[PDB]
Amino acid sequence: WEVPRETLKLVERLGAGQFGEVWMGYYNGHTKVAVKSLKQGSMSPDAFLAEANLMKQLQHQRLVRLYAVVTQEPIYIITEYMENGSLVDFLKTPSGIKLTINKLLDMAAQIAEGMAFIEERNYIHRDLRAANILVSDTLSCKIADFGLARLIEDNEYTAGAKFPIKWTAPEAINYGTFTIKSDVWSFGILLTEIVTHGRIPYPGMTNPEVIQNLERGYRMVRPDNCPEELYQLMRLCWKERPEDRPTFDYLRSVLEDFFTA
(Lines of atoms letter the chains of each structure in order from A and count residues from 1; the text may use other names and numbers.)
(Lines give C-alpha, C1' and ligand atoms only; values in the text may rest on other atoms or scores of the structure.)
Protein backbone atom coordinates (compact mmCIF):
# COMPACT_ATOMS: atom_id res chain seq x y z
CA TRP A 1 0.00 0.00 0.00
CA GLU A 2 2.96 2.29 0.64
CA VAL A 3 4.27 4.49 -2.16
CA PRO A 4 7.20 6.90 -2.21
CA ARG A 5 5.86 10.47 -1.89
CA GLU A 6 7.75 11.32 -5.12
CA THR A 7 5.30 9.31 -7.26
CA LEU A 8 2.61 11.86 -6.45
CA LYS A 9 2.18 15.25 -8.07
CA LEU A 10 -0.47 17.45 -6.48
CA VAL A 11 -2.28 19.66 -8.99
CA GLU A 12 -5.51 21.17 -7.72
CA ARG A 13 -6.94 21.57 -4.24
CA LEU A 14 -10.44 20.12 -4.06
CA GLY A 15 -11.27 20.47 -0.39
CA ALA A 16 -9.86 21.99 2.78
CA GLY A 17 -10.90 21.69 6.40
CA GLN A 18 -10.22 21.15 10.08
CA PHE A 19 -8.18 18.00 9.51
CA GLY A 20 -6.50 18.64 6.17
CA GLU A 21 -6.99 19.00 2.46
CA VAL A 22 -8.05 16.90 -0.51
CA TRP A 23 -6.08 17.36 -3.72
CA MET A 24 -6.42 16.01 -7.24
CA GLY A 25 -3.15 14.66 -8.59
CA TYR A 26 -1.21 12.08 -10.53
CA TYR A 27 0.47 8.85 -9.57
CA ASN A 28 3.47 7.87 -11.69
CA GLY A 29 2.38 10.57 -14.09
CA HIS A 30 -0.48 8.67 -15.77
CA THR A 31 -2.89 7.82 -12.96
CA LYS A 32 -5.34 10.50 -11.91
CA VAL A 33 -5.84 10.37 -8.14
CA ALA A 34 -7.47 12.16 -5.21
CA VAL A 35 -5.18 12.69 -2.24
CA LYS A 36 -6.06 13.45 1.35
CA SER A 37 -3.35 14.99 3.50
CA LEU A 38 -3.39 15.19 7.28
CA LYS A 39 -2.89 18.66 8.78
CA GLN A 40 -0.13 18.24 11.37
CA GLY A 41 -1.69 18.56 14.79
CA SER A 42 -5.31 18.47 13.66
CA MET A 43 -5.40 14.81 14.78
CA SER A 44 -3.16 11.88 15.64
CA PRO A 45 -1.31 10.51 12.61
CA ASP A 46 -2.53 7.17 13.94
CA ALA A 47 -6.21 8.05 14.12
CA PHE A 48 -5.77 9.48 10.62
CA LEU A 49 -4.47 6.18 9.29
CA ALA A 50 -7.42 4.49 11.01
CA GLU A 51 -9.61 5.64 8.11
CA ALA A 52 -7.26 3.96 5.65
CA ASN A 53 -7.26 0.68 7.57
CA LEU A 54 -11.08 0.71 7.64
CA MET A 55 -11.08 1.35 3.91
CA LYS A 56 -8.98 -1.75 3.20
CA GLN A 57 -11.35 -3.89 5.26
CA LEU A 58 -14.45 -2.29 3.76
CA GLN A 59 -13.78 -2.65 0.02
CA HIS A 60 -16.87 -2.86 -2.13
CA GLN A 61 -18.22 -1.89 -5.52
CA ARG A 62 -20.20 1.08 -4.14
CA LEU A 63 -17.59 2.37 -1.71
CA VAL A 64 -14.51 4.53 -2.13
CA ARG A 65 -11.56 2.18 -2.62
CA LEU A 66 -8.11 2.80 -1.12
CA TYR A 67 -5.32 3.11 -3.65
CA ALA A 68 -2.20 3.85 -1.64
CA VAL A 69 -0.83 5.73 1.38
CA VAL A 70 2.20 7.76 2.47
CA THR A 71 3.04 7.05 6.12
CA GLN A 72 5.46 9.86 6.90
CA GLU A 73 4.39 13.35 7.90
CA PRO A 74 2.52 14.66 6.10
CA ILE A 75 0.54 11.42 5.81
CA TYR A 76 -1.50 10.97 2.60
CA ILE A 77 -4.48 8.76 1.79
CA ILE A 78 -4.80 8.13 -1.92
CA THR A 79 -7.82 7.03 -3.88
CA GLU A 80 -8.69 7.09 -7.57
CA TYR A 81 -10.20 10.31 -8.92
CA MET A 82 -13.96 10.34 -9.51
CA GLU A 83 -14.41 12.69 -12.49
CA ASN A 84 -17.91 14.03 -11.79
CA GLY A 85 -17.26 15.04 -8.18
CA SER A 86 -20.03 14.83 -5.56
CA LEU A 87 -23.58 13.77 -6.39
CA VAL A 88 -25.12 16.97 -5.05
CA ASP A 89 -22.93 19.05 -7.37
CA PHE A 90 -23.29 16.75 -10.33
CA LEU A 91 -27.09 16.97 -10.33
CA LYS A 92 -26.95 20.72 -10.93
CA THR A 93 -24.70 20.55 -13.98
CA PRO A 94 -26.32 20.26 -17.48
CA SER A 95 -25.68 16.50 -17.60
CA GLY A 96 -27.13 15.97 -14.14
CA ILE A 97 -30.13 18.18 -14.86
CA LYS A 98 -31.37 16.17 -17.85
CA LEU A 99 -31.25 12.78 -16.09
CA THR A 100 -34.54 10.89 -16.19
CA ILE A 101 -36.08 9.45 -13.01
CA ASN A 102 -35.03 6.00 -14.25
CA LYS A 103 -31.32 6.84 -14.28
CA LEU A 104 -31.89 8.65 -10.97
CA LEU A 105 -33.51 5.64 -9.29
CA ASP A 106 -30.70 3.42 -10.52
CA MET A 107 -28.18 5.68 -8.79
CA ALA A 108 -30.33 5.67 -5.64
CA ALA A 109 -30.23 1.86 -5.75
CA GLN A 110 -26.42 1.86 -5.99
CA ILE A 111 -26.18 3.92 -2.83
CA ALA A 112 -28.68 1.63 -1.13
CA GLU A 113 -26.47 -1.31 -2.16
CA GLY A 114 -23.47 0.37 -0.58
CA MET A 115 -25.42 1.05 2.60
CA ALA A 116 -26.64 -2.55 2.74
CA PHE A 117 -23.01 -3.74 2.79
CA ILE A 118 -22.16 -1.18 5.49
CA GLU A 119 -25.16 -2.36 7.54
CA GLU A 120 -23.99 -5.91 6.82
CA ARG A 121 -20.50 -5.23 8.24
CA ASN A 122 -21.86 -3.70 11.45
CA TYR A 123 -20.89 -0.11 10.64
CA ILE A 124 -22.73 3.24 10.60
CA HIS A 125 -22.23 6.25 8.37
CA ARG A 126 -23.44 9.13 10.56
CA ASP A 127 -23.29 11.72 7.77
CA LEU A 128 -25.09 10.18 4.85
CA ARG A 129 -26.03 12.80 2.29
CA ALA A 130 -25.56 13.65 -1.40
CA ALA A 131 -22.47 15.72 -0.53
CA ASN A 132 -20.70 12.54 0.56
CA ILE A 133 -21.64 10.51 -2.53
CA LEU A 134 -19.08 10.51 -5.36
CA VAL A 135 -19.94 10.05 -9.04
CA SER A 136 -17.67 8.58 -11.72
CA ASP A 137 -17.53 9.30 -15.45
CA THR A 138 -19.95 6.43 -16.17
CA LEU A 139 -22.31 7.71 -13.50
CA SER A 140 -21.74 4.87 -11.05
CA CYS A 141 -21.80 5.97 -7.40
CA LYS A 142 -19.67 5.34 -4.36
CA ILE A 143 -20.25 6.18 -0.70
CA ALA A 144 -17.57 8.29 0.95
CA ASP A 145 -16.45 9.86 4.23
CA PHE A 146 -18.10 8.27 7.28
CA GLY A 147 -18.88 10.88 9.91
CA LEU A 148 -16.46 10.88 12.86
CA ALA A 149 -18.17 9.81 16.08
CA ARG A 150 -15.71 12.11 17.83
CA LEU A 151 -17.33 15.21 16.36
CA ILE A 152 -20.91 14.07 15.81
CA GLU A 153 -21.90 12.08 18.89
CA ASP A 154 -22.25 12.83 22.59
CA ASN A 155 -19.02 12.86 24.55
CA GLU A 156 -16.25 15.11 25.83
CA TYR A 157 -15.55 17.39 22.87
CA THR A 158 -18.99 17.85 21.37
CA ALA A 159 -19.92 18.71 24.99
CA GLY A 160 -20.16 22.10 21.56
CA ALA A 161 -19.91 20.13 18.33
CA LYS A 162 -22.91 19.46 16.05
CA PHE A 163 -24.21 17.78 12.83
CA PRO A 164 -26.25 18.28 9.59
CA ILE A 165 -29.66 18.95 11.07
CA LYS A 166 -31.86 18.50 7.99
CA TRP A 167 -30.51 14.97 7.41
CA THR A 168 -30.34 13.76 11.00
CA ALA A 169 -32.99 11.55 12.62
CA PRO A 170 -35.07 12.85 15.58
CA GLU A 171 -33.53 10.40 18.05
CA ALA A 172 -30.00 11.42 17.03
CA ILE A 173 -30.79 15.12 17.32
CA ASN A 174 -32.41 14.71 20.75
CA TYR A 175 -30.43 11.94 22.42
CA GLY A 176 -27.41 11.63 20.17
CA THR A 177 -28.24 8.01 19.44
CA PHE A 178 -26.89 7.11 15.99
CA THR A 179 -27.56 3.66 14.62
CA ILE A 180 -28.04 2.15 11.21
CA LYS A 181 -31.68 3.24 11.57
CA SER A 182 -30.71 6.90 11.69
CA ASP A 183 -28.62 6.28 8.57
CA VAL A 184 -31.88 5.00 7.02
CA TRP A 185 -33.79 8.18 7.90
CA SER A 186 -30.92 10.09 6.36
CA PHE A 187 -31.25 8.00 3.20
CA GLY A 188 -34.85 9.16 2.92
CA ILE A 189 -33.65 12.77 2.87
CA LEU A 190 -30.89 11.87 0.40
CA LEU A 191 -33.70 10.45 -1.71
CA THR A 192 -35.34 13.88 -2.00
CA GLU A 193 -32.05 15.49 -3.01
CA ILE A 194 -31.73 13.08 -5.93
CA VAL A 195 -35.27 13.43 -7.27
CA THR A 196 -35.13 17.24 -7.02
CA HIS A 197 -31.72 17.31 -8.71
CA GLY A 198 -29.88 18.75 -5.71
CA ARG A 199 -32.44 20.95 -4.01
CA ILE A 200 -31.87 21.49 -0.30
CA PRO A 201 -34.35 19.51 1.88
CA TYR A 202 -37.20 21.26 3.70
CA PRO A 203 -37.33 24.22 1.29
CA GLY A 204 -38.39 27.32 3.19
CA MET A 205 -37.12 26.27 6.60
CA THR A 206 -34.17 27.04 8.85
CA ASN A 207 -32.64 24.34 11.01
CA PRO A 208 -34.33 25.41 14.23
CA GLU A 209 -37.60 25.53 12.25
CA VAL A 210 -37.08 21.97 11.14
CA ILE A 211 -36.51 20.84 14.70
CA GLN A 212 -39.70 22.41 16.01
CA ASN A 213 -41.91 20.96 13.24
CA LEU A 214 -40.32 17.49 13.51
CA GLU A 215 -41.73 17.25 17.01
CA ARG A 216 -45.25 17.79 15.69
CA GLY A 217 -44.64 14.89 13.34
CA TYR A 218 -43.89 17.07 10.33
CA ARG A 219 -42.47 15.39 7.22
CA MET A 220 -41.27 16.83 3.95
CA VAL A 221 -43.89 17.25 1.26
CA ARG A 222 -43.56 15.05 -1.82
CA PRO A 223 -41.43 16.94 -4.40
CA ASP A 224 -43.07 17.94 -7.68
CA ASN A 225 -42.21 15.20 -10.18
CA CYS A 226 -41.50 12.60 -7.44
CA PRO A 227 -43.47 9.39 -8.05
CA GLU A 228 -46.01 8.93 -5.23
CA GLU A 229 -44.83 5.34 -4.96
CA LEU A 230 -41.25 6.47 -4.41
CA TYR A 231 -42.62 9.01 -1.97
CA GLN A 232 -44.17 6.40 0.33
CA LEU A 233 -40.82 4.61 0.41
CA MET A 234 -39.38 7.85 1.80
CA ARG A 235 -42.11 7.99 4.38
CA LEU A 236 -41.04 4.51 5.54
CA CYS A 237 -37.55 5.95 6.01
CA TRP A 238 -38.96 8.68 8.21
CA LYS A 239 -41.07 6.53 10.54
CA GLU A 240 -41.02 7.91 14.07
CA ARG A 241 -39.81 4.66 15.57
CA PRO A 242 -36.31 3.67 14.39
CA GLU A 243 -37.03 -0.03 14.65
CA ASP A 244 -39.98 0.56 12.31
CA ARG A 245 -37.77 1.90 9.49
CA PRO A 246 -36.90 -0.58 6.70
CA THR A 247 -33.45 -2.05 6.08
CA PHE A 248 -31.21 -0.96 3.25
CA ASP A 249 -31.55 -4.43 1.78
CA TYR A 250 -35.30 -3.92 1.36
CA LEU A 251 -34.79 -0.36 0.14
CA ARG A 252 -32.15 -1.63 -2.27
CA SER A 253 -34.59 -4.39 -3.21
CA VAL A 254 -37.47 -1.98 -3.84
CA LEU A 255 -35.42 0.64 -5.67
CA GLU A 256 -34.09 -1.92 -8.15
CA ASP A 257 -37.68 -2.71 -9.12
CA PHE A 258 -39.00 0.82 -9.69
CA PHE A 259 -36.04 1.02 -12.06
CA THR A 260 -36.87 -2.14 -14.07
CA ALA A 261 -40.37 -0.64 -14.27
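Numbering follows the first chain given and starts at 1. C-alpha atoms forming the largest set that superposes within 1.5 Å between two forms make up the rigid core. What changes on going to the form deposited in another entry:
Of the residues listed here (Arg235, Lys39, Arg199, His60), only one shifts its CA by 2 angstroms or more between these two forms after fitting on the rigid core, and it is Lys39. After superposition on the rigid core, the Cα atom of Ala109 is displaced by less than 2 Å between these two forms.
The two forms, fitted on the rigid core, differ between these two forms by 2 Å or more at the CA of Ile152. When two forms of a protein are overlaid on their rigid core, residues whose CA moves 2 Å or more are considered shifted, and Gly20 is one of them between these two forms.
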Given for the second form:
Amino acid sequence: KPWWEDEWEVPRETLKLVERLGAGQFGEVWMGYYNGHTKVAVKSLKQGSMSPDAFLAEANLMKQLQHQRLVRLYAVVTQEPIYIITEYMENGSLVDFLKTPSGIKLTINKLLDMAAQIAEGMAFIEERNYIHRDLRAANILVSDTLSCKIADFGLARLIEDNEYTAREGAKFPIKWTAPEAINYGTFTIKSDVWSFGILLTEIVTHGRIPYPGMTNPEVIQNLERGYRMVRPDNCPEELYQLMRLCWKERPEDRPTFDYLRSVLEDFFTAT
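The structure above corresponds to the form deposited in one PDB entry; please provide the structure of the form deposited in another entry.
Shown below: the chain alone.
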Protein backbone atom coordinates (compact mmCIF):
# COMPACT_ATOMS: atom_id res chain seq x y z
CA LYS A 1 0.00 0.00 0.00
CA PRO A 2 1.51 3.36 -0.90
CA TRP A 3 3.17 5.56 1.70
CA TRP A 4 0.48 8.40 1.33
CA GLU A 5 -2.07 5.82 2.40
CA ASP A 6 -0.34 3.46 4.84
CA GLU A 7 -1.91 3.54 8.42
CA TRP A 8 1.71 3.04 9.77
CA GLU A 9 3.56 5.86 7.95
CA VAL A 10 4.15 8.88 10.28
CA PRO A 11 5.55 12.34 9.28
CA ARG A 12 9.10 12.64 10.71
CA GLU A 13 8.27 15.69 12.86
CA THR A 14 6.24 13.50 15.27
CA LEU A 15 9.46 11.92 16.53
CA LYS A 16 12.16 13.07 18.89
CA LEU A 17 15.30 10.95 19.50
CA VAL A 18 16.56 11.39 23.06
CA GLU A 19 19.21 8.61 23.79
CA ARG A 20 21.28 6.34 21.49
CA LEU A 21 20.95 2.79 22.81
CA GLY A 22 23.09 1.12 20.06
CA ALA A 23 25.16 1.69 16.84
CA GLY A 24 26.47 -0.81 14.26
CA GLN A 25 27.43 -1.32 10.61
CA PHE A 26 23.81 -0.81 9.46
CA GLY A 27 22.54 2.04 11.77
CA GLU A 28 21.55 3.24 15.24
CA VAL A 29 18.83 2.32 17.84
CA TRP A 30 17.40 5.24 19.79
CA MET A 31 14.94 5.93 22.61
CA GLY A 32 12.71 8.90 21.83
CA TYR A 33 9.18 10.23 22.00
CA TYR A 34 6.31 10.16 19.64
CA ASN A 35 4.24 13.38 19.78
CA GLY A 36 6.00 14.39 23.09
CA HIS A 37 4.44 11.79 25.32
CA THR A 38 4.83 8.14 24.21
CA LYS A 39 8.15 6.36 24.73
CA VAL A 40 9.07 4.61 21.41
CA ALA A 41 12.21 2.94 20.16
CA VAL A 42 13.59 4.19 16.87
CA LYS A 43 15.77 2.16 14.43
CA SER A 44 17.45 4.28 11.74
CA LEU A 45 19.11 2.76 8.75
CA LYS A 46 22.51 3.97 7.78
CA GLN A 47 22.33 5.08 4.06
CA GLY A 48 24.45 2.91 1.77
CA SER A 49 24.84 0.21 4.36
CA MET A 50 22.17 -2.21 2.96
CA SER A 51 19.00 -2.05 0.81
CA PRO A 52 16.02 0.14 1.97
CA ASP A 53 13.85 -2.63 0.64
CA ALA A 54 15.54 -5.21 2.90
CA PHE A 55 15.48 -2.99 5.93
CA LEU A 56 11.69 -2.39 5.37
CA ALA A 57 10.76 -6.04 4.64
CA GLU A 58 11.18 -6.30 8.48
CA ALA A 59 8.39 -3.72 9.17
CA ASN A 60 6.02 -5.30 6.58
CA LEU A 61 6.45 -8.66 8.35
CA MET A 62 5.57 -6.99 11.70
CA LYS A 63 2.47 -5.48 9.90
CA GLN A 64 1.23 -9.17 9.73
CA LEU A 65 2.28 -10.46 13.15
CA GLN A 66 0.63 -8.50 15.90
CA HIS A 67 0.34 -9.97 19.41
CA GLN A 68 0.83 -8.97 23.07
CA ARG A 69 3.83 -11.37 23.34
CA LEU A 70 5.43 -9.86 20.22
CA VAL A 71 7.14 -6.39 20.04
CA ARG A 72 4.69 -4.11 18.13
CA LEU A 73 5.45 -2.12 15.08
CA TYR A 74 4.38 1.41 15.86
CA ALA A 75 5.17 3.19 12.54
CA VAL A 76 7.62 3.68 9.69
CA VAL A 77 9.11 6.67 8.06
CA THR A 78 9.71 5.59 4.49
CA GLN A 79 11.90 8.57 3.38
CA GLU A 80 15.66 8.99 3.96
CA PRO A 81 16.76 8.07 6.68
CA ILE A 82 14.16 5.31 6.90
CA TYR A 83 12.88 4.81 10.44
CA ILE A 84 11.30 1.73 12.05
CA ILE A 85 9.46 2.84 15.12
CA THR A 86 8.35 0.22 17.56
CA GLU A 87 6.98 -0.28 21.08
CA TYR A 88 9.49 0.50 23.84
CA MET A 89 10.85 -2.09 26.20
CA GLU A 90 12.09 -0.62 29.40
CA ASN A 91 14.30 -3.30 30.81
CA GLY A 92 15.92 -3.85 27.55
CA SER A 93 17.33 -7.06 26.29
CA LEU A 94 16.85 -10.31 28.35
CA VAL A 95 20.52 -11.33 28.06
CA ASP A 96 21.36 -7.89 29.64
CA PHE A 97 18.50 -7.68 32.17
CA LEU A 98 19.36 -11.00 33.80
CA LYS A 99 22.82 -9.60 34.74
CA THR A 100 21.65 -6.41 36.45
CA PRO A 101 21.16 -6.20 40.33
CA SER A 102 17.43 -6.48 39.67
CA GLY A 103 17.72 -9.69 37.51
CA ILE A 104 20.30 -11.34 39.81
CA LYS A 105 17.70 -11.48 42.60
CA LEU A 106 14.91 -13.23 40.59
CA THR A 107 13.74 -16.61 41.96
CA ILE A 108 13.62 -19.64 39.72
CA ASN A 109 9.81 -19.15 39.87
CA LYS A 110 9.95 -15.90 37.88
CA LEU A 111 12.46 -17.40 35.44
CA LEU A 112 9.87 -20.16 34.61
CA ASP A 113 7.24 -17.42 34.40
CA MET A 114 9.40 -15.57 31.93
CA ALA A 115 10.29 -18.79 29.95
CA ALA A 116 6.55 -19.42 29.60
CA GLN A 117 5.76 -15.96 28.14
CA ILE A 118 8.41 -16.45 25.49
CA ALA A 119 6.85 -19.81 24.52
CA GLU A 120 3.39 -18.14 24.27
CA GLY A 121 4.93 -15.66 21.84
CA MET A 122 6.28 -18.47 19.71
CA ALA A 123 2.98 -20.49 19.88
CA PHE A 124 1.35 -17.58 17.90
CA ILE A 125 4.25 -17.35 15.48
CA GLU A 126 3.95 -21.14 14.98
CA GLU A 127 0.18 -20.91 14.57
CA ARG A 128 0.30 -18.20 11.79
CA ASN A 129 2.74 -20.18 9.65
CA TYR A 130 5.79 -18.09 10.46
CA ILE A 131 9.28 -18.98 11.68
CA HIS A 132 11.64 -16.80 13.70
CA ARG A 133 15.09 -18.23 12.90
CA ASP A 134 17.01 -15.99 15.44
CA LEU A 135 15.42 -17.00 18.75
CA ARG A 136 17.76 -16.31 21.65
CA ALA A 137 17.93 -14.30 24.92
CA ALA A 138 19.52 -11.24 23.07
CA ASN A 139 16.29 -11.10 20.98
CA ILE A 140 13.77 -11.25 23.90
CA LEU A 141 13.06 -7.73 25.31
CA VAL A 142 11.81 -7.02 28.81
CA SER A 143 9.14 -4.54 29.87
CA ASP A 144 9.06 -2.26 32.90
CA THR A 145 6.65 -4.87 34.57
CA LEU A 146 9.14 -7.67 34.08
CA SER A 147 7.24 -9.29 31.20
CA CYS A 148 8.91 -10.57 27.97
CA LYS A 149 8.16 -10.21 24.20
CA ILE A 150 9.71 -11.79 21.04
CA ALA A 151 11.72 -9.12 19.20
CA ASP A 152 13.77 -8.77 15.99
CA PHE A 153 12.13 -10.10 12.95
CA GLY A 154 14.97 -9.61 10.47
CA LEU A 155 15.13 -13.28 9.64
CA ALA A 156 11.44 -14.22 10.27
CA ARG A 157 9.49 -15.71 7.33
CA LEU A 158 6.05 -16.88 6.18
CA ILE A 159 5.91 -20.54 5.13
CA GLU A 160 2.93 -21.97 3.12
CA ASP A 161 5.05 -24.98 1.91
CA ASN A 162 6.42 -26.25 5.15
CA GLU A 163 10.11 -25.31 4.76
CA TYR A 164 12.26 -22.28 4.21
CA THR A 165 15.62 -23.17 2.62
CA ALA A 166 18.03 -20.19 3.06
CA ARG A 167 20.79 -18.88 0.74
CA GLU A 168 23.72 -21.37 0.46
CA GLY A 169 26.75 -19.16 1.51
CA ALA A 170 24.72 -18.64 4.64
CA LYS A 171 25.90 -18.80 8.22
CA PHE A 172 23.96 -18.79 11.54
CA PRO A 173 25.19 -18.66 15.22
CA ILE A 174 26.26 -22.28 15.66
CA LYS A 175 25.25 -22.75 19.27
CA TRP A 176 21.66 -21.56 18.94
CA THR A 177 20.74 -22.98 15.55
CA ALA A 178 19.40 -26.56 15.02
CA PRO A 179 21.55 -29.31 13.17
CA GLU A 180 19.36 -29.38 10.02
CA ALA A 181 19.43 -25.63 9.59
CA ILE A 182 23.19 -25.42 9.92
CA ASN A 183 23.72 -28.48 7.71
CA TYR A 184 21.13 -28.02 4.87
CA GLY A 185 19.87 -24.49 5.42
CA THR A 186 16.36 -25.98 5.81
CA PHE A 187 14.43 -24.12 8.71
CA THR A 188 11.05 -25.02 10.22
CA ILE A 189 9.13 -24.01 13.37
CA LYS A 190 10.93 -27.10 14.78
CA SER A 191 14.32 -25.46 14.30
CA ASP A 192 13.08 -22.51 16.37
CA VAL A 193 12.00 -25.06 19.01
CA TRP A 194 15.63 -26.05 19.09
CA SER A 195 16.83 -22.51 19.79
CA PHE A 196 14.18 -22.22 22.46
CA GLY A 197 16.02 -25.11 24.04
CA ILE A 198 19.30 -23.13 24.02
CA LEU A 199 17.48 -20.02 25.18
CA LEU A 200 16.25 -21.81 28.30
CA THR A 201 19.93 -22.37 29.18
CA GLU A 202 20.51 -18.58 28.99
CA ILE A 203 17.44 -17.86 31.16
CA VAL A 204 18.55 -20.30 33.91
CA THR A 205 22.28 -19.40 34.05
CA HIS A 206 21.52 -15.65 34.02
CA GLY A 207 22.72 -15.02 30.56
CA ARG A 208 26.04 -17.04 30.47
CA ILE A 209 27.02 -18.38 26.88
CA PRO A 210 25.83 -21.88 25.91
CA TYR A 211 28.14 -24.96 26.00
CA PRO A 212 30.59 -23.49 28.65
CA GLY A 213 34.28 -23.75 27.39
CA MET A 214 33.61 -25.45 24.02
CA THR A 215 34.50 -24.02 20.60
CA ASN A 216 31.91 -24.51 17.77
CA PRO A 217 33.62 -27.60 16.19
CA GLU A 218 33.55 -29.18 19.68
CA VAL A 219 29.75 -28.38 19.90
CA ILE A 220 28.93 -29.86 16.38
CA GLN A 221 31.23 -32.85 17.05
CA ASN A 222 29.57 -33.50 20.43
CA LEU A 223 25.99 -33.27 19.08
CA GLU A 224 26.90 -35.80 16.36
CA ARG A 225 28.04 -38.26 19.00
CA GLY A 226 24.60 -38.01 20.41
CA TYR A 227 25.61 -35.65 23.30
CA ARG A 228 23.69 -32.59 24.48
CA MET A 229 24.67 -29.64 26.57
CA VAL A 230 25.97 -30.45 30.04
CA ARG A 231 23.40 -29.64 32.82
CA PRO A 232 23.67 -25.90 33.64
CA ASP A 233 24.69 -24.96 37.25
CA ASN A 234 21.48 -24.85 39.39
CA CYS A 235 19.17 -26.09 36.65
CA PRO A 236 16.03 -27.90 37.88
CA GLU A 237 16.00 -31.38 36.41
CA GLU A 238 12.49 -30.77 34.96
CA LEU A 239 13.82 -27.77 33.06
CA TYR A 240 16.72 -29.79 31.74
CA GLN A 241 14.51 -32.66 30.50
CA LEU A 242 12.30 -30.07 28.87
CA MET A 243 15.34 -28.70 26.98
CA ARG A 244 16.12 -32.28 25.98
CA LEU A 245 12.78 -32.57 24.05
CA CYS A 246 13.73 -29.32 22.26
CA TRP A 247 17.11 -31.03 21.39
CA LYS A 248 15.59 -34.28 19.94
CA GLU A 249 17.28 -35.52 16.76
CA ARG A 250 14.45 -35.42 14.29
CA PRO A 251 12.48 -32.16 13.73
CA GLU A 252 9.16 -34.08 13.83
CA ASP A 253 9.86 -35.48 17.33
CA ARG A 254 10.52 -32.11 18.82
CA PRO A 255 7.52 -30.72 20.74
CA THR A 256 5.10 -27.93 19.62
CA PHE A 257 5.27 -24.37 20.95
CA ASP A 258 1.82 -24.70 22.49
CA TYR A 259 3.00 -27.74 24.41
CA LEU A 260 6.15 -25.97 25.72
CA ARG A 261 4.03 -23.01 26.77
CA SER A 262 1.73 -25.13 28.85
CA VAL A 263 4.54 -27.25 30.30
CA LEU A 264 6.35 -24.08 31.36
CA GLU A 265 3.02 -22.81 32.88
CA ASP A 266 2.72 -25.95 35.11
CA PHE A 267 6.41 -25.61 36.14
CA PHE A 268 5.65 -22.05 37.26
CA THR A 269 2.52 -22.48 39.59
CA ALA A 270 4.10 -25.62 40.95
CA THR A 271 6.77 -23.12 42.29
